[PDB]
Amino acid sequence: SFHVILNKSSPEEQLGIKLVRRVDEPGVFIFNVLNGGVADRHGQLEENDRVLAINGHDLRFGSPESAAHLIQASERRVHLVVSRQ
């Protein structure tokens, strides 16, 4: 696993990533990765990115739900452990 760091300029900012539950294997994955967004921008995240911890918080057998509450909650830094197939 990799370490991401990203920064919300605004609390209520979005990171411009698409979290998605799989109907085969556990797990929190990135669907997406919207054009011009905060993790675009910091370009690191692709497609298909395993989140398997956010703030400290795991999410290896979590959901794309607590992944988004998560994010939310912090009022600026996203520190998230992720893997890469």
Given for the second form:
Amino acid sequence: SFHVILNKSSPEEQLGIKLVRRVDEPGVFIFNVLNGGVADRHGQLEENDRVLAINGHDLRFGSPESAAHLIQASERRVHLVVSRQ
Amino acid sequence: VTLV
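Other form of same protein, the form deposited with its partner chain bound, not the form solved without its partner chain:
Let us now look at the entire complex, which starts with that chain.
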């Protein structure tokens, strides 16, 4: 896995990532990265990347809804632990 | 999908 740090300019700012679950395997996955958003401008994240944790909260067997809640909860810093096939 |  690897580390990605994204910073929100305001607490309600979205990262511009759509997350999905899959019927056939556990995990929270990147469906797409919105053009011009925080994640796109940072540049590292790719579609199909798996989000393993956000700010130290485990998402290996978690849900996109939990991910959204955790991303919102941070005032600014969003530390993602990510894996890529 | 869930937007974050």
